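In structure tokens, the next block holds one chain alone, the form deposited in one PDB entry.
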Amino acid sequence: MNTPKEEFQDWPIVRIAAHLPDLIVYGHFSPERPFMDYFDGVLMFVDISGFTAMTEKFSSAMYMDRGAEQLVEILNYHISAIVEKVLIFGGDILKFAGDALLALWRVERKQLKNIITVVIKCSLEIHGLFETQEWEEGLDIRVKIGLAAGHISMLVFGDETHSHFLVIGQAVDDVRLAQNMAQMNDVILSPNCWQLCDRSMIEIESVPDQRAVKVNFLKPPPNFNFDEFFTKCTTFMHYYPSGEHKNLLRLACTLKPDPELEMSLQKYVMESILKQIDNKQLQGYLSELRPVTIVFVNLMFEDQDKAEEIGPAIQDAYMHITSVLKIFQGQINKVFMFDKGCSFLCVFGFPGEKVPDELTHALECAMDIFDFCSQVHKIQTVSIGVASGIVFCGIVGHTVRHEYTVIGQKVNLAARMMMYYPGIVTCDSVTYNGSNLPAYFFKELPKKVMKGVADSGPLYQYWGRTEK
């Protein structure tokens, strides 16, 4: 008998799993909302803003209307190399944003020490990818890396058709603090990462006015062999591709059709992405430079450090947010959480969802979300930034691990406005002028100097319809 090889491995369920971490793909938890779980791990935060700041120049007429296509091509070329490093060193890419990716090595407490060594070596090899790299003069094709370790909480929230997850807690807070202290080419360890690490492996230096540390060198002991050490570490890595599947980047590439599993996983993925997965939309339709309105919603909690309290509050806010967005075909693109604010990146005018009066509707939707979430138990402060303009939209990442992402100055501006003007709804000049709403519905704001924004233009508070 003949023995033809190569199984089919391009099923819809596999294409869906590319959009999700192993944390979700192999998660098998209750469909109850909110769901919370607790574990330990090492977190890696890779700041990729250095090369995603490329977006505004790809709007230049020099790119002859192929700006979005060239942008996603060069972005994915560089991001795929980072992704391959994380995956081969045994990490799980949790999420992509325009400015960062976050990765997790989930492990039992006893193994934190050795796993930190694996993650430091991975971090240094990521920097190694960009050591002699540039385009057109500027060599800002480099990264900054923050590492944390310790207790991690997971939250899954959503309704009967959509799901979202977050990792939260002190190690999550720590990894963002570590990454913010980093300069180009740095690897920063959180204080707890440094307290838990194998100090014989590494040479550090102090960070001024900080308990966090910078890695100068990984200088192993004399008889150390990283390959044999890594093999020992794989004992604790549940989904590391092995044996017959050692040639694959992800075990998720071996997923077989399972309708109950697929029903669960598709809830995390936008319908237009599912349409492409199902071969009912051209594979390149979602890569575009597109005018959108960003509505960036930040929620700050009474007790920041209480996972048990914030879970129901995010769920209650989500239930209201999703009902208000449905009304104008607004979408939640991402949910993020670090400085204990939970942030919803909402988008109006995505592909096939663009409708007249985007601007008025985005403002009314922001006000509605603001009023409801302010009355939600345990939510201390709601802040909403609204910015409109040309943003890049596209699937960002590696073939085996990628996400639909929005990138652009107006994304960064809405994110900065909600942090710099807390407790209010703010909008940019485009939204204000284009709403055509009466001038007295707004308040002209003092100009603030905001991180990573230069010519922000006049900013406004959306006061609303009444003096009250």
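Numbering follows the first chain given and starts at 1. Between two forms, the rigid core is defined as the largest C-alpha subset superposing within 1.5 Å. Compared with the form deposited in another entry:
- Among the candidates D357, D305, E84, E308, the CA atom that moves 2 angstroms or more between the two forms after core superposition belongs to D305 alone.
- Taking 2 Å as the criterion, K340 counts as shifted between the two forms: its C-alpha moves by at least this amount when the rigid core is aligned.
- For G50, the Cα coordinates differ by 2 angstroms or more between the two forms after the core has been superposed.
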The other form holds:
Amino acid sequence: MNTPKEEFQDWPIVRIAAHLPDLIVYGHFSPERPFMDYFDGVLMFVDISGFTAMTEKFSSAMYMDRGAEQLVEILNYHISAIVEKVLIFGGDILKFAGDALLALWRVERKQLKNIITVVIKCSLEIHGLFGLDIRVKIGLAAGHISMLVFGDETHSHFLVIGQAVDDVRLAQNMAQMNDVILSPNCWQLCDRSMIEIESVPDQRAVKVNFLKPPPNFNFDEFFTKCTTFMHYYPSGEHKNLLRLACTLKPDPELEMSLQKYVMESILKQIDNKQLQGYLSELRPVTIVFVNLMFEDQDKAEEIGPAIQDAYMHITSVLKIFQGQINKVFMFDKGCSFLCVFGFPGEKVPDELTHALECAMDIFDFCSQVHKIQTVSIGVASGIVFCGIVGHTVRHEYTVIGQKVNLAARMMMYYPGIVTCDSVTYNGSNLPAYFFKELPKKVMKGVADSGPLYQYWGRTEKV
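Same protein, different state: after the form deposited in one PDB entry, show the form deposited in another entry.
Below you will find a single chain and nothing else.
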């Protein structure tokens, strides 16, 4: 009796799970919303500097209208290799955001010290990897982490919250190119007999200099010991897989739950109802970057209800005005929503007008939500890259472009109001007196925005 070749089976549930971390795929938690979970771990925030400039250049004539295709190919070639290292070292990629990603090693408290060594080794190998134009910056943090799941009956989003989350982003902001920076708490928890550092001026964070193994040390045996604490590390018969999620089997309940995290247009491609090519594009869109600030951004039980409340309104008005949520995460002393007008399928004219009217609506509503202290919204329009970024086994739909960064910086440098760039202003059908021309601020990571405006809106205020 034959024992024939079992082909890898690429069920729709496996393709869906590629868009999600193990934290969701294997979480089995309540469908109640908001839902909050608490744990400990190590976080790693990896940023490629320089793709957003490459993006601009891929629209030029030399790319012969295949700029989107060239960009996604070169981006994924690099990002894939980072994703593989994270996964082989036992991490869960939580999220991609443009040309950056956030990874987690969830463990019990007593295992933090050793897992931190694993994550540093991983980070140093990633620095190893990387025309001669892009750099990799890495921030690490460790400690208590909260997760929030929010959403409605057909859509789900999650994000992580707390000091370690705030620290991982601060650490990465300080990294100079090719640095690995540890948060103060990470440095306090780590194996100081192995990890040599250098102080960072005016900071308590530190920079990794090198690993100093002791005399008997064997990294592979140490790593094996740490894998005891890793619930989903592929092993035994599945030791040749990058993710245990590759072995998921059809299960309608689980798939119904997982699909709610993934955008319709991506589900259409998964279901072989649209060609893959269509979702990689360099197209004019409008970004609406919404920031919600709280008194205490580290306290999930406080902020969770508020984010849910805001989300319910946001999703409704985005649908009316033809926009979509691309990403949600903690940033800017708050929860930020990256919303997009003009994604695959969602084109119109008066897209600009809509973006602005939607932004004012969100601003008015969210400003009255209990515990939301300040709302800021940045609106910017231009050509942006949209497509699936990452590895075959772990990837997500994302946007990359100078206008994405501009909207986020506007939102940060002009708090408490709705602002817009020049393209949005000049293109909208709205009267000029609905706007106010603003003082120009020097803004970290933007060479020249053109004039910026406040969208003051309809009735006068003075």
